[PDB]
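Quick setup: one chain, the form deposited without the named molecule, written in structure tokens, and binding and motion questions come after.
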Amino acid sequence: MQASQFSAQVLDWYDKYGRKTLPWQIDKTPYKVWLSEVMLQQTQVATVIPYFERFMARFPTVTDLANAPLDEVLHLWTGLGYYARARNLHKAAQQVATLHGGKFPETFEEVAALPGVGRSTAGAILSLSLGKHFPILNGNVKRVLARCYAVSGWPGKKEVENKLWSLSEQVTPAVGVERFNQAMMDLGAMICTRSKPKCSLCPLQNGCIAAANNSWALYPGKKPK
């Protein structure tokens, strides 16, 4: 299926079945999306919700986070694991306070220059909060695209990662980008799961190569040897 059909199908799915109501999806701002995405990167949504709420209550703005002692941040993080994320979160908040006047930056380069924020997270922050036209490529999205398009290789190989970014760019619209990127993450989290994907529930099932061949276990490739 052509890229414009992929987009349309994902957006139609999101409208009827998507996750739209989580706390970081209401009255979205760059700060809220960044905080949530950092929390979500290594933690499931159900675990994250109470931490996001406690963080937003304690730190309503990025300057509040910046000005807090690191030990208080780490205390509030306790139980999320992967504390390098918290150390970077705090440093990034301080960079936003120091370099950007306390206003979370709204341009890609400046977002991507923050500690703890890579190309995909920067694209997520600006597409979800502001509708800027950037694609994403987290683990979940890699799996959806690798299955749909039979990307056999290990995404730890630069050439393979680049192929996946190209595919993501190709399917990602400008109109509705906030909805499409959330939908792709939702699909990878809840439908196109690591094991035994729920293809009958997937809006891509009519063009996905893995579904056609029952070969989801091949994609993405795993690390060699």
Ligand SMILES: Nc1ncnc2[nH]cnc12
Second form
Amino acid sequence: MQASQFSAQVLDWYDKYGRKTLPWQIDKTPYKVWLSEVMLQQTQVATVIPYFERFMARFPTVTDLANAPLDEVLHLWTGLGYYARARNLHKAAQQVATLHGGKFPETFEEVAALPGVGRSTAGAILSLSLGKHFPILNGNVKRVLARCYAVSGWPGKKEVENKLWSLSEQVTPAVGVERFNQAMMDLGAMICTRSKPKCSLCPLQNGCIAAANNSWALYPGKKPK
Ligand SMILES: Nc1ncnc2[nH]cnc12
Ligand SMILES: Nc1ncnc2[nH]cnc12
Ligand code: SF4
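Go ahead and give the structure of the form solved in complex with the named molecule, now that the form deposited without the named molecule is out.
Okay, now the whole complex, with that chain kicking things off.
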């Protein structure tokens, strides 16, 4: 299947089966999408929700987060693990307060310059909260694209990561980008799982090479040896 059919099938699936009601998806702003993306990169949705709610209630705005003591941020992070994310969250909130006058940057370069925010998280912040035309590529999306397009090779090799970023760019639409990017994350998280993917519940099952060859185990490639 062509890039235009990938996008259309994923958006039609999201419409009927996607997750649309999580708290970071309601009255989306750059700040809320950033906060949730950072919490979500190493923690599952069920554990993140109470923390997302407590952080939004305590820190309504990024300036509130910036002005809080770091020890108060770490105390409220307790239970989420991977505390470098919390230290960078706080540094990034202070960078928005100092460089961007308390308003979360809405351009790619300034968002990706924030501590703890990579190319995929910056693309996620801007595409999901403002509908800007940016692709994402976290572990879950890497798996969906690598299986659908048979991208063998370890994504830790620059050549394979570039291939996967090119594929993401090719299948990501401008129209409906916020719905498409959330749907790709949902598919990788819930359908195209690391083991035994639920191919029969996947909107890409008619064109996916791994589903046609029952070779999901080969994609993406793991680290050598
Ligand atoms: N917005 C999101 N929804 C679900 N899983 C995610 N993983 C990272 N970001 C996510
Ligand atoms: N199906 C699965 N879902 C999530 N993590 C996994 N690790 C191995 N198999 C998995
Ligand atoms: S058809 Fe199966 S292997 Fe292919 S993208 Fe969907 S869940 Fe993953």
